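Given as structure tokens, the chain that follows is alone and in the form solved without the ligand.
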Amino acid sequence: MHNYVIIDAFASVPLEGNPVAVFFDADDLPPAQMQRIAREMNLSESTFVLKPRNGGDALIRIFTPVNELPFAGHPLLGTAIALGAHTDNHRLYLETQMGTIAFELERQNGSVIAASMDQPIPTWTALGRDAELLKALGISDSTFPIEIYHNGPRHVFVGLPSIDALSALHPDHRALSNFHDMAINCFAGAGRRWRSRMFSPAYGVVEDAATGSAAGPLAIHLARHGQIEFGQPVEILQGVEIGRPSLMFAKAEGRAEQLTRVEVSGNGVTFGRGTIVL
């Protein structure tokens, strides 16, 4: 049998944020069985906590209902928060396919309520399909350059001139399906405070509550395009329009040509706990 918890990542209130199922003591499960369990659960992701193999605290394997992922933000944040119930350590080193990711855990009375991660440093370039993407979103132009970032998944960013213009988007999801192996992240805001919406046929989601692997890239995007400085944190509120508000905090240190750290943080809360029969 295995115990699991469901964590709503990037939220402090259950039914907000983005759920992940975290399965403990998973070393007896072959990967094909982990994949079947992730399919059974049908959450965006299920993760599995394994013994470490390179000096970290644990090895985490991440599965959607259909495949394994090398890196994912909200699922790793939820896993780190879940593992709080089982360690006293202030820092947690989680091994993944992209290497060991360092987390700082934040507690109140023994309960981990939030965590911060250092993400893989992305790469980026211009999308080069702007008219096609804009048509699919139903708008004429972006504010800032339309650029696509890679840190495992790929995330394209399209800027809107106001929060209301962002909420008014009703994309043609069929048209968006021509954009393979990426998520489309539309954003608006000013200063410290930004709003986002994410759409991805390629990743099997009509609209995502909290895209944790897009938060680091967005901070970089905003700094490069002069809306914040490198080293300044931003608050990104996602998922409001779909009723799953999610608050992500991000900061990118260094400069565009030499990034030294990309930090993403948020709250997490337990929605449920259970046991499975295998």
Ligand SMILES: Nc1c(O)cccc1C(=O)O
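Cool, the form solved without the ligand is there; where's the form solved in complex with the ligand?
What follows is just the one chain, with no partners and no other molecules.
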């Protein structure tokens, strides 16, 4: 039997943010069973905590309902918050398929409130499928060039001219399914405050509440396109329209040609705790 907790990542109260089911003591489970368990939970991701193999504190495997990912932001944030209960550490190193991810935990009286991670530095290129993607999204143009970023998963960014226009999107889920191994992140905002919506048939979700591995790339994207400075922290509010408001904090330090750090942080809270029969 395995214990799990349900963490609402990128939230300061239960029922906000983005849930992740974190399964402990998972070294006995084959990956095909981890995948089926993720399918059972039907959350954007479930994670599995394994003994470390390369000097971290734990090795974490991350599954959507349909596929394994090599890195993901909300699932790891929630995993770090949940594991932080195990010990008194304030620095935590979590192994993934993209390498070891460093976390700093915000604790009060030993109790974990939030965490900050140093993400993989993404690479990027032009999508080159603009007409097709804009048609699928139901819009004419992006406000900025349409580029795809890779940090394990892949994230495409499409800019909208207002928050109302963002909220008005009704994408064609089936047309989006022709965009394999990527998530589509639509953004709008100004200055230090941005809104997002994410859609990804490829990762098993019509609309995700908080796509943490997109937050770092968005900060880069906004700085590369002159809307914020490199190093300027931004707030990215995702999931509003679906009733799952999620507050992601991001900062990308360096310059376009040489990034030094991509920090994403958030609060997270426990929604529940239990045990599965396998």
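Residue numbers count along the first chain shown, from 1. We call the rigid core whatever largest set of C-alpha positions still superposes within 1.5 Å between the two forms.
**Asked** In a fit on the core, which one among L247, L69, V234, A223 has a Cα that moves 2 Å or more between the two forms?
**Response** With the rigid core fitted, the residue that moves is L69.
**Prompt:** When the two forms are laid on each other by their rigid core, does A209 show a Cα shift of 2 Å or more between the two forms?
**Reply:** Comparing forms between the two forms, the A209 CA shifts below 2 Å.
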